[PDB]
Every structure is written in structure tokens, then in C-alpha cells.
Amino acid sequence: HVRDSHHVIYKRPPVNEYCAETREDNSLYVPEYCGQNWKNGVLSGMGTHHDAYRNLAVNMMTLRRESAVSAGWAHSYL
Amino acid sequence: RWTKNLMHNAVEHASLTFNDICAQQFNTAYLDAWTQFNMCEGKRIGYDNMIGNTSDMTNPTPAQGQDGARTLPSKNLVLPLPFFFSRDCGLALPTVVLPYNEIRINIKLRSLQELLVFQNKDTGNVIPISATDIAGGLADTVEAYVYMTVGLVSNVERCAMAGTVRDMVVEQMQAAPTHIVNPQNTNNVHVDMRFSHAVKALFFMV
Amino acid sequence: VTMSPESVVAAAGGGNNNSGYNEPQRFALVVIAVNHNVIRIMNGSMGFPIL
Amino acid sequence: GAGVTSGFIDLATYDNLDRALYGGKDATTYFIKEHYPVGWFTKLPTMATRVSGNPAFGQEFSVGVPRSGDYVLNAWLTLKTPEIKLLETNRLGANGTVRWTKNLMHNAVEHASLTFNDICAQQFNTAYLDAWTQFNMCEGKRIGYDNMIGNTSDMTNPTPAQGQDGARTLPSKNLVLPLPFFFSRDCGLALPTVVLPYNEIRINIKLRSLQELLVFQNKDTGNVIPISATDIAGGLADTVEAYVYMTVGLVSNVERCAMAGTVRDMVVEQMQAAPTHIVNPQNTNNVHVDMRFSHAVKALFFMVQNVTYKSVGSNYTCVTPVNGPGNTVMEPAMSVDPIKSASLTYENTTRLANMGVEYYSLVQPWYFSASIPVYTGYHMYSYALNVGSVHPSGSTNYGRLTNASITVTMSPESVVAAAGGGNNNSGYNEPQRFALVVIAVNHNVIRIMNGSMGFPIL
Amino acid sequence: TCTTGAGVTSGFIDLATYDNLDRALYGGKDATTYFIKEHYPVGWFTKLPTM
Amino acid sequence: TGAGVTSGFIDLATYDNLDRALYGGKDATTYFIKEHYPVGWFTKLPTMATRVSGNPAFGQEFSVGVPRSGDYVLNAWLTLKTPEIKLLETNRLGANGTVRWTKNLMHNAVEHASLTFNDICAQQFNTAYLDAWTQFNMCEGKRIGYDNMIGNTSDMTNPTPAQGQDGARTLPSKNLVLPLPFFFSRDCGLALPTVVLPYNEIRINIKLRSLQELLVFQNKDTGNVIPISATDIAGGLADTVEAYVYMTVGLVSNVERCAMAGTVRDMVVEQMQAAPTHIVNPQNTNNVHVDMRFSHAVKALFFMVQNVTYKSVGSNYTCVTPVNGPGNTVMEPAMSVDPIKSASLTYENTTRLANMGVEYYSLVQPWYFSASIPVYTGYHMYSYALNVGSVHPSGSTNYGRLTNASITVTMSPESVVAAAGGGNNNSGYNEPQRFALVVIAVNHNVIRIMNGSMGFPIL
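Chains as they are written, first to last, in the working numbering: chain A, 1 to 78; chain B, 1 to 206; chain C, 1 to 51; chain D, 1 to 458; chain E, 1 to 51; chain F, 1 to 459.
I should point out that these hints are in silico values taken from the structure, not numbers from a laboratory.
Here are the simulated EDC-like cross-link-like pairs (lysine to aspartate or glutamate), alpha carbons at most 20 Å apart as the crow flies:
{"id": "1", "chain 1": "B", "residue 1": "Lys108", "chain 2": "D", "residue 2": "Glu241"}
{"id": "2", "chain 1": "D", "residue 1": "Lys141", "chain 2": "F", "residue 2": "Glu140"}
{"id": "3", "chain 1": "D", "residue 1": "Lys206", "chain 2": "D", "residue 2": "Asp238"}
{"id": "4", "chain 1": "F", "residue 1": "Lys44", "chain 2": "F", "residue 2": "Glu256"}
{"id": "5", "chain 1": "D", "residue 1": "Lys33", "chain 2": "F", "residue 2": "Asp266"}
{"id": "6", "chain 1": "B", "residue 1": "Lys4", "chain 2": "B", "residue 2": "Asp32"}
For reference, chain A alone in the conformation it holds in the complex:
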């Protein structure tokens, strides 16, 4: 007698997957049985998300302004 149109599958691709927690890669990356299709129909469309890339960028930057002065001094100038 009532209806909503949000979703029906719960937490298999958990919504909070982009944060730092336990992973669930053992299910949606491999078909369960031979002949099963691939699980990417709506999940595709969100590229380069997840905080891992942002944290990697922050770690790479860290101190580039102060570390760029020397850089190749130990490699080129004799």
C-alpha cells in the first residue's frame, strides 16, 4: 500500500566505501560461478573517488616547496 524508489540491495557495495575501513573486494570483483556476468552497471560513473587518492596526493605534496631547492644538487653538480 506504500512504495519508495530508493534501493533494495543493502551494503553489498556499501555506500561508505570511499572512507577508510574494512574492504569488501572479495565479492564484487569476481563472479561467484562460471557464467555470471560482471557487476558494473551503475557503479561505473564515479572515477578517481575514495580518500586513498587524496591522501596519496597530500603525502606526495607534504614539503615540496621546501624540498624543491636542493632536488638535483646531489645528482648533477659534481
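For chain A, the structure is supplied; the task is to place chains B, C, D, E and F on it using the hints.
The following block gives chains B, C, D, E and F in isolation, referenced to the frame of chain A:
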């Protein structure tokens, strides 16, 4: 004149695919056989008025300077698509349950050159039609649409049935390769048939 | 499939005007089969368990 | 003659040098090849469905990489050429011929790009394709590749009008062009479609309009004018069918489970193209171009292209080709490369002196490439020992480099061809104009993690 | 089933072909895999012509 | 103008994260320093294999045994001298007649060349396999040498008119060499352990073709080919011929041979399976289906349609026979295209490979999975593996466990219209033409060595 069964023609190798896997596919021979064998009487007139052969599109029309200057009317026509979910109400596609697959329909039309019959008045010969023969040329582009019916259900079961493994029985098609026959040389022809699953019927025509 | 004498004589031409088989005729044999199958829905995806 | 009689004196002739070279208790003898197991897999071609636009000349269409796979390691595009037939009512009348441009493919495919769901992964165009195929051609396949791209002497041979002796009509045969991508460069580099479910891999191909895909030459004066629909029978087919195919490879369940859920790093090669610089030798002979690149460049290919007529392409000479005897395209006598010398400068520091053009033309490809170009032009420089090697070699990143400039000196033939006055069939009856094009080939690093990919260094 | 276009659904039939010869040639825990290239660092250097 | 005194330093000063990731590190393998390692001590020399049965002659089969007393066998070739051909004015065609050697004289005059161990057909090949392999895996630079070795050098295939005509040249009696493609000749790491195989009698059987069908007799006017006769040429036909089989043997050190003596050895080899030829008549039907019954893990398939109207002309895979041209030379008529229009693989009504164009197999597949691209019409390839020429196994499926598959080929309209006659003079298809489809498969096998004997292990 338009060819007999204008629809069931110009639609060959129509396929329905899940994600990127070919799930079903049919063509003109299967369409003709199915609609000629499993036709519900009473709707035959409607079918023969909606897929062409309406005794108006198929009547030959002479040239403009001859007695028959009538032009073939430009009226829209409709063709239902026989699929496993369309076969019975009990078999329906759970779109709410399949969000990780792209369900898609691939339809290949046919060139208008071989859709029009150019008949000779006296000797009864057929030659291919050309653009300059008819007025207005041939429009390669055409407006065609696909309509599908959806159903909405309450939350009492649309979420309950989710998360469970469901097994459904469907009917597919297997088509053997076509073989050319010359009755002048041979009186009998043998065709080797290879199929995979539990076959139900076999339609063979020449 | 054992063919018919009508088809044999229609393959050769020689018919007069509006006889249909005035030009030589060529025929082709087509065979279509209908089979069952099983489709399984699981974890938001579908596949053939038997294939 | 005796069968085995001197086979033992050679073995007995053993000395200190032979003991130092051969011998030893750990010698790896020949005739014994160690066989190691390899992973079980299969491959098959597959059509790639298009998602945006329709295939037509002058427009662009986007084709998505097929899903439900395991790996992608190839890509090619097939296109069917239309029918061309000259009409007696053309602009030039009897003094007119029609032919396809040299290197029909690598043309009508410009700005061909690969993108990853939000970002331009890479792109290439005609100049890059020509330079790469001239400098990295495996001989034996040269004739075959030429056949696929065109140059069959059946499409590039001019045909007069139907009222002349030559009533030949250009045939309509489909052609195929491979797409050079980082996953197609090497077998070891492939796209993990199964591992990347959060991205939509797309290839955008933009075609060129048919007006400049056809060369309409004059037999007598050797001039080119733009084509028109009324010139040929039927008309100009703006739309034409074109398909994209690629090879999809499957892997075993155990291997896919092992590789699923891991962090991967790959090295890829992309390219950057500096804007074309129009050059007029009528005032000065030295031309300087600033280079602003991003990543670790490996090679720099620079050419001077004749741009007098847009119908003719891949013409890096100083004189346009002309119709000659036998209804065939020919190259006039004074067709030499405009470049006489080139030099590099790193912020008022001449790295390379005023080297002759023959240096980049012959010596550099002889030492640091797998092939030497057979056409005039196509000058290259390389910072690496092997340009075609996927594994990185010596290079430098231009991001940390200060402003870099390239200087080119023209030639007397170029400065005399720029001005007109040439007689009939000389190839420079009209004044000629030239454009300097510079392209670079560099390195990059891509990262695979969390069911997605991106560039960490950026 | 379908002929003109089937995707990768036919890539399982040839993959399922296993025998003693296939187990001797391919497979195993130590079997190297293609499509995965291992990269090793090299020296840092530069070169240029001189008189 | 700095001469390499600061430009290098400026370049090296540009060091960043990307350069740190690519180059650098304590484990970086610098160039200009190559680690040299010792190899085995050995030597090599050629020998002549000892004939064991019969006398060589055209149209017969002769066997030659592998010589003993060696230590390895890794190369074999066959050399033979061709007779001197001189036409006469007394030929049936009269003045309008020319005689020339067939195209690809080698890969011809030999059919069903086989290598056997004791009593077993270890390997075999023939003209179709030789042509396909030499067209698909030809190393560039050696193509001219291979042509000079086999034929098609404008010295054998140039038509020669009768003695009374202006062209009275005689075909030179020069000798020719053909290497034998074998599993021990594919790679230096694969060689026959002659010392370790004393209990096996290794034989090579060569069946020469009749000289009558190796000479093309062409009509100068109508372009018709008829079989040759003894009275046509001077000296008759020399049925006997001198053919010699040479091999290359290699001696190794005593320590090496004692280490490798008395042990179990596993070898992976390459073989050939040729399906029976299928007669094709495009007039009746435009589609031809041929079943394949293969045994082991097939790696590559090479198929083509051969024009088989006359037995004199060989390796003619186009749709029209070649005709005499101006200047006493052979030329291909303007209507010379591959009869195949499309091909398809079927696995019991499961289309694994779709109905794509012939040019796909002709060009795209060799461009990716081969070391060369054919320069002649025909020769369509489908390879299950990444590299056909590589001896190391790659992706490949075995047909023993796979139920019989089929190949479907579509004839071209040019082929169907050239099947009927009616062609004018010097058109090639003046007479009705007949075609035969041939398919060749290349696969993998395992050979076991122990106890001074060889045999296929149960696998």
C-alpha cells in the same frame, strides 16, 4: 509496391543483451513462423493491419502517367517484440533487482533498396529499385521509437524478494545455417542440425 | 528433405509472361529451433548457471 | 668428404682465452631450453559499441570499451570509402583530375583521444601518427600497413573525367587503422576492465570533412581548388559507416581472484603537441619556437609542412606533388626539405649546436630507432637509447627544465618556393606557405587501486 | 545461440578445454602470467653529441 | 655553443618524483656495464646424411637416414640440380608456345616430406604448409636470399618462346636449396640427441613431384595451359635427378655429454595437421562449410582457396590463372583477387568468430600476431596465440576435447563469375576455373627421451 509482410521484414537479427552478453536474438524467419503458428484468432485482422499487408501498402501502383497514379501512404506501423519476459506475465524482468547490468536492445534495420518490389507489368520480372526512379529519393534516416511497459509494486514484497537467488525458465532461439538447394541436380538434401539445450519445436521452410 | 517435381520444373525457366517462373528460380532451406534455458538472478546480476 | 674428422681438433684447441670465455662449472649450455609454465587464457575480437553521435565526416563519435571482460589489449577502426566519379561538368572541365590524398588514413582521424570517465588519458593526431609510423616501422609489415592505410596506387592515382581516355573510377574498399594506445604498445600493459568497475573508458574519434579529403588537380597548371558536390556524381556522402573492434582476453578464475583487490603501478607513454607555427621565409630565415611540456620527454619530432592547399596532406616537402605522365602523382625536381639546420636552447644555453639537417634525418634514426624514414622531412631527436622500448631509458623532465627553445634555419629552395612564378607542373605555380609542427613523446605513471585508476603525480 | 553478436559468452567454451597436455604446458602455482609487466629501475644518465 | 660540458649537467639537475620512481635506487642496473657469463664449449660442422633407400627421381619417394656418431642435430637442407630445358619448333603449340618453370619451384617438386623415428610418423608437411609459413613468418632482409634459393628470380619463371622464335633462351641448369622446417631446426635450444638416441632409426622421407606438372606450357595468344610432352623439349625428360641431404652437427664437451647422459628429458615441439581439400563450385552455392577434425592443442590456422584448374600451375591462390605478358614476362591479369570474401568459425552452432571481412585475416591478424604480412593474395590466418613464430607455448585450445568445429567461407562475386568461362584472349579465365579450399593447422606436442629411446608420453 511494398513487399509482403513489410514488418517481420526490415527487422533482422534483433537482439536483447544483458550487460554485454547476448541473451536473446530472433529474425524474420522466426517471426513469420511464430506468428503463423501461435496466432490467437480474432487478433489476426489487427496484426495484418498493424504490421503491413493492409491491402493498401502491398497493392502495386503504376507510374504517374498511367491509370494508377496513387501514392503509397505514409502511415506509422507497430511491431511487438517477442521476448522471454513478454511471453508470459509471470516472467518479468526484475529491473529493481538488476542494477549492475545494462539491459539493452540492438535492432538492425534493412536497406530500403530490397524493401521495395519493382515489378514489371507484363513479363512479371523484378529489378532493384534506384533513387532516381521514385520521387523524393530515398531517405536513409527514419524516425523509429521503442516503447516498453513498466510495472510498479508496493514495498511489502519489492524489497522482500530482493537479496534472494531467483531461478527462471526462459525460451531461446537457435538457427541453423542456411543451405542452398538446386532441385535440378539433387532430389534430396540432408542438413546436419546441432543444438545445445532441450529443444521444443523445429520449423523448417524452403 | 526430398524435393517436389513442381519445384524441379520451376527451377528451370522458360515460363511465359506472368507465370512467376519465367526466370530461373533458386531456393534456400532454413531450419529454426526453440529451446528452454535457465536464467539466474543473484547479487544484482544475471548469468547462465549451465551455459 | 669425411663426415666428422675435424670436429675434435677444434675442441682440443683450448687455451687461456678459451678458458676465460667458455667453460666453467656454471656454464649455460645451448641445446637445452628451460620451459616454464604460463597462465591459461583466451582471446577473441569484439565490436565496441558506440555511445555518442553517429559516424559522419566532420563530426565526432565516442565509442565505449566493451564491459563484462577481463583485459583489453588492442583497438582498430574500420571505415568504408565512398564512390568517387568525376563529371564532365566540373569547374575545370576537361583539364581536371580527382584523387585521394596521399596517406588517406592517418587523415580524417584527428584529435583521436582516450579518456577515463572524467579526464583525458591521452590523444594523438595526424603528425604523431605519421612520425611514429615512419620511425617505428617493422619491415616486412611495411607493405601490408601501407595497404591498410591506402597508398595502393588505385586510390592515390588521379583519374580524369569520364570524357577522357582514363575512365577509371576509384574503388570503394574498406580500410583499417590500428589505434596506438598504451595498452596496445605492449602485451604486458593491458586495461584491467574487471578490476576497474568505477570508470567508463571511452575513445573519441573526430573525422575530417570530405572537402579536404579529396585532391582536385589540374593536369596542365597543377593547381588545386576545393571540391564541390556537383563536381562528382551522386554527391558528397557526409555520413558513412565506421566500426571499432578490439581484442578482449579472458583469464582463469584463480588468477583473477589473485589479482583482484591489489595496488598496481604501470608506466605509460603519452604525447603533447605544441601549437603549429606559421613560418614566412620571405622576411627572415631563422624561426624560434618555445616548448612548454610537462613530463619526462623521450623524443622530439619536428617537421615543416606545406599548408598551401588543405586538400593535400602529409606534404612536408617545399613543393606540392603534381600529376605526371601515365595519370600518376609524381614529385617535382626541386622537392627538398625546407629545414637546413636546427638547434636547441635551454635558457640562453645552446645544448645542441647548429647541426645539419642530415644529422636528425639519418644519423639519429640510425642509432636510436628501429627504422629510417623513406620520405623527405621527418626530423627527430631522442634523449633515450631506444625510442620504441617500452622500458624507460635516459630522458629528462621539462617541468623542472627552464624555458626551452628550438631554432630552425630555412633553405634557399624554401625561400624561392615561397614566392610563386614557377612554370607549369613545377609544383609551386602559386606562392607556398609552411607551418612548423613540433611534437613530443614522454613518460607517465598510472596507479590502480580501490577499483579505480588515476594519475598520482599528475 | 546468436550469431552476429555474442560478446564474450563464447570465450568459455575454448577456456573449458583442459587435459593432461594443457596441465603440463599451462597452469600451476609458479606459472608466469602475461598482461602484467615487472619494472626494474635503471641508472640515471644523459647523452649528447660532441666534437 | 657548448660542446657537452654543461648541457648534460643542466639535464641531470632536473630530478623530481617521476625520475626518482623510474630511475635511481640502490638496485638500479646501470648501462655501459654488461654482466658476462660463461657458456658451454662446443663446435659445429656440416655433414651429408647417408642415403638408405632408393635412388632420387622425379615422381618417386626416397628416404635418407640421419647419420650417427654425432652429438646434436639442429639443421637440415636439401639441394638438387635442375635440368636444362630447351624448347623445339616441333611442339604441339607450334610457334605460339612458351615453356617456363612454375612459380615457387621449391615448395613444389616435393610433397608429403616427413620425418620418422623408427616406425612412427613424427612429422610431415607439404606445399601448402611451406607456402603459408614462408609467407607469414619470413624474416625481412632474407626474402631476396630465399627467393634466389627457391625460384621466382626471373631466370626460371620467364617464358621462353620456341627455338625458331626471337626468344630462344634456355632455362639455366642451376642447383637449388630448400631448408627443412623441423622441431629441431626451429630453435637452437631444440636439437636431436643423437648420442642419447642409439636405439632409434631416424629417417627423412622425401617424395618428389613428376616433372610433367612442374613445367608450365603456355599458349602465347589464348593463354591456355596444357601438360608437357617428351617430344616437345630437347633431350626428353630426365626422370633421374641428383639430390643431396645435408645436415649440421655439433660436438660438445665430454663433461657436458656425461652430465646429460642417462637422464629423462622433456621436449615441446611443433607439428602439422592438414585437413582434406574441399572442392568448391561457386556456381552452385556461394557458401562452403568444411569440418575440422584435429587432435592436439592447435596454435594457428592458415586457410586459402587454390585455383586447381591445371596441375601444371602451382601456388596459384588467386581467382584467375596468370597469362603471358609483353616483353616475354608473366603478369597477373587485372582481374586477380582473392576468392574468399568472408570466413567464420562455428563450434556446433556457436559462432565464436563472427562473419568479418577477408581483409581482416589478410592484414590485421598478421599485423599483430606475426613477424610478417603476406605480399600475395590469399593466405588467411587466425592464430589463437600472441606470437605464431615463438616456440614458447602461448594461448591455445586443444581440439581433442572439443567437439568437431566448422569453417564457413563465402566466395567472392569475382570468383563466381570467373568460375564460368567466356573470358577473352589473355584474360586467364578464358576456360572455366575450379577451386579447392585447403586448411592447415599448427599445434603443440610433447616428446619424451629416456633409456636411449624416444616416444610420446601418455598425456
